[PDB]
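Consider the single chain below, provided in structure tokens and representing the form solved without this ligand.
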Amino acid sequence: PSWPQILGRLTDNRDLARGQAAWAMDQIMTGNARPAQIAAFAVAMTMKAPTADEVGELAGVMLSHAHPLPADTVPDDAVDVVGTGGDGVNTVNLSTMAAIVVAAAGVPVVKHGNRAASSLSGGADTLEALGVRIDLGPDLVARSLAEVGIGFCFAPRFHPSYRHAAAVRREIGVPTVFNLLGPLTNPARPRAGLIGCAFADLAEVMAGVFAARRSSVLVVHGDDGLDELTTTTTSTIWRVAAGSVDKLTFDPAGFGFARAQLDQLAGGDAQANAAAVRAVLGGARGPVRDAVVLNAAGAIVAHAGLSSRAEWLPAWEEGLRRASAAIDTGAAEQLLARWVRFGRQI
């Protein structure tokens, strides 16, 4: 294997041979690839049209190098709620708020996240401004999970060897296949998730990766471009279950949600976004709450999918009940307070 061989194949517009994507990603992760090689690979792979086998190879290599959580500290039914980012909107941190509510409903959550790349505040930025410790290592994330019901795996802490790819990602600024890897490389390897993808023609490939892993996942793209289930219009859902994918259109109005306008979901810096989380968890009614509940419900449906029994329309109704209730009872607000406290008691 070599860069000339692998890059030549992608520029010739051919799928890679088995193991070639893995070889390249491993070269990148061990500090053996030049920035020019990283960049050419990321770009060539994107314009060829990456396959699920290829992206799955990249994610596998990352996960090989990642710091794992201690043996037996992650429940079999843990869920993630996370997206690619890069939708270019300023939204409040919808995946993060949704994650808190899901954990409050009693579904164990191990969230993978990161600071903003192009938006004003990312999930990690907002959690830090809420006073949550984003910087915890594996042992402490396990304890957070067990003690609070939610853990946060901060991407740079668990994937230090991604530094070179990350620098290339920043320098080129254009989204590539690398922008898919975050939701695919949660170091705790939870088996279910609500997974947002900003790139309409890469979502199916993401779903394919999860299918191969036999995860129960909803990969979601809002038809307004949000890497979240949206309230402004319909969303496309790639439903992953029993190792297979099917594409659905999802209509929040079908459940009773008023249509919102994207400016109603608008964000600010980390201080503003933190105040939006507090408002939502404090019971403020309106568009932010609606989108949070929808997205929490979606994650609860992915969790339910870890069973044969799981049935689409009933799963949603129950997910929506549970998400609403976790906020209404104050369970979500109290969980956030307990999470903040946990991090202060070292």
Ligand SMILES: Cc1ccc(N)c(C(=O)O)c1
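Positions refer to the first chain, counted from 1. Residues that one form lacks are left out of the comparison. Between two forms, the rigid core is the largest collection of C-alphas that superpose within 1.5 Å. What changes on going to the form deposited with this ligand bound:
Considering only residues present in both forms and aligning them on the rigid core, one finds just one run of three or more residues with C-alpha shifts of 2 angstroms or more between the two forms, namely 307-310.
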Contents of the next structure:
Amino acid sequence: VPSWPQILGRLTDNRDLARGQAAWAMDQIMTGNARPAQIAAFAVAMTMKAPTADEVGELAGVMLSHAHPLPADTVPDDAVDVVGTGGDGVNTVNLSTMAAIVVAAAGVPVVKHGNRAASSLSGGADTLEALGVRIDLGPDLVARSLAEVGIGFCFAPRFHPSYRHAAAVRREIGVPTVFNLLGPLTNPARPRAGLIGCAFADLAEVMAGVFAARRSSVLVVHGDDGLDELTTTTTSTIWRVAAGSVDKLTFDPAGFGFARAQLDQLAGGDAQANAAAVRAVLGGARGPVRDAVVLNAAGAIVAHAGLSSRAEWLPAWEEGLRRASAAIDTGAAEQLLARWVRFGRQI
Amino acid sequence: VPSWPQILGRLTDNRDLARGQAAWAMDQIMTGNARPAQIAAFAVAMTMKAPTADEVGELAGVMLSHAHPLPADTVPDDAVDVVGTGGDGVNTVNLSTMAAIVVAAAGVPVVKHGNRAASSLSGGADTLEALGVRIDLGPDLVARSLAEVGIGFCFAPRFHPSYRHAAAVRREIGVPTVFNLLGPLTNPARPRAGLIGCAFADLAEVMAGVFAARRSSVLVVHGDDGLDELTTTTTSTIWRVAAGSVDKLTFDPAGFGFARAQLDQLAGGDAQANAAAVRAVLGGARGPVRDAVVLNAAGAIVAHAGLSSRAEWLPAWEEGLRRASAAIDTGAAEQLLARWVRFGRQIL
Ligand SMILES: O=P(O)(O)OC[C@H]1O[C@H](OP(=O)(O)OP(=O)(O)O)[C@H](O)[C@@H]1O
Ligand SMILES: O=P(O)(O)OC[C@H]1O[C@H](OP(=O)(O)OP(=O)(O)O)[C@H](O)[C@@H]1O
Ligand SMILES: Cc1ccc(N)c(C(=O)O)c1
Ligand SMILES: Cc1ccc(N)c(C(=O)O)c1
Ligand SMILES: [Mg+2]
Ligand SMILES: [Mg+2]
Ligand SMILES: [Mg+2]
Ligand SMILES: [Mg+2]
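Could you output the structure for the form deposited with this ligand bound, given that the previous block was the form solved without this ligand?
Below, the chain from earlier opens the complete complex, with every other chain and molecule after it.
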């Protein structure tokens, strides 16, 4: 007999929910049946209790049930995502978006989920738009983009219209909640591999748990400097997910010869400034931003290699770094972005 | 510059707020500038972080600044309230309301803050209405009632119209929050003494701290059976507020000769049934309901005595118990209710 008083009371008592209660709540939210006060109370209470992977799995699974899917047999079995929670508070260039282009240029199919800025100056979607990429395509044209260009972009508001009540509440209250975890967990193309950034150190493990219950090869990553990306300024924590299990480890890019960078060297600006940074990297400019892009692209290539799991961790990294660099140095990435822009103009 | 993201982020980080932040939030809420989502997020976050006396003091002070006051010089310096949070989830007769009548009949001015039921079958206000008492009077008439009858009732929605945004959110989410503490702390007549029940054991101390900052003479009470009243079924915890400090006590009514009652002996029903229980007690019927009323009335009289605090605890209780018993057995309590009903009927 589920209800808001029952579910909110359990959370405010600091108890995990019974199985199915988070799903009930999320379905009320997604069908327009929850009052904004109830949505907010639920989001905050779940956040302060500390959500479990089972609970977040219910939230994401319900949200996916209401999403627009891509057409049958249009997403390759080995498609990868590169996306994070955001909310790291650091205002960087768009590392995930740049890595995604590089990964696609390396020959790995990419279906990227993304959205505009929430609290940074330019989000991945804003920057793609400033580059001339069409961010607003429906299921059929995202599938065509993927088939014709090797990359597609699923704009969250276009694919998750029923999330609008939750989204408005998120904007009204501003504070990060458990809802900030859901974007990376609800890519409507349901790719089985991903490099997934988490700004919230204590929730990365929960996100990894969600992925472990799916048929997935994922690196969930948190930079020990706070970034929702693999960082070049220090070590990162990685939760490797494969075969239904998790392997937590400390990762140090100095092992691959990367110089230690400063956070300010990765600083971004508005959409035009961040778009310029994309073009600079794809044109071969050497430096800290490139290094961070190559590191993250390699990470996504390692996640992808985990699907057809021949190679071991270290060799997979060495190959990922070689492929990511070559994709830039040979012009493939610059060429792939141009092709993606062309595709959107030819629609 | 205070803001929702700032304030809510601090609470979700499990930090106490900076001075002024809770006041800002409450002023947004009281002016209609807070979205329902913001109100709910704040109420829940403040609850799960665990509110401090300073924070609740800010909420209550802002709320009072928006309330209708009584007219100047109409509330005696020694007026008392008898009121609790409710939310104990035990169906009982209206113990605070009955005690309030008995206290007034003992010659202690009572200005009661109250409201309808939120969870229970009949709240104080509902039962008073069933007895024929006019509960919906403005400031001038509550003042007149206090003067002519010895008791007045401030009906919370009449005195706190700007709380309507918060009250709506409270109903929508159902779960108890820090807002459930505010009733007893926002009596618009500002009596300086009271017997204040708290259903939430871990928050009684916080409520006591707010009264300590006001230098009120107050007993904040929680029955160890969960009641937001002094109980007769077992011991109670009392946070005694005197001279601006709080000390915590275990109270056992057995020491005053009270037999242990069972919770079902205090069971209530709808407004008509609880009105009958009131009439039975005031007519002098013995038994567990009278015992509980007498105990709580004495507690309020003890709090009142603490305003002139040469207050040896056990003798204060002994005199309080005697005064409450006499107020019933002389007929004064039954007579006072009749006077109160008469006053309301004269208004037309
Ligand atoms: O404004 P914030 O909350 O900090 O978030 C900044 C971006 O991070 C996330 O995207 P993603 O990882 O796809 O993009 P990026 O790493 O390329 O910016 C999010 O969807 C935003 O677009
Ligand atoms: O429905 P609940 O949330 O359980 O609350 C029951 C009653 O308790 C409070 O009043 P008070 O202590 O003034 O009244 P009483 O006479 O019923 O004790 C509250 O305003 C309700 O009238
Ligand atoms: C950020 C986000 C994601 C999905 C949505 N439906 C919306 C929305 O409707 O505003 C917003
Ligand atoms: C408890 C309480 C206090 C003031 C109100 N206006 C309301 C209300 O509008 O329902 C409720
Ligand atoms: Mg990112
Ligand atoms: Mg980032
Ligand atoms: Mg009461
Ligand atoms: Mg009670």
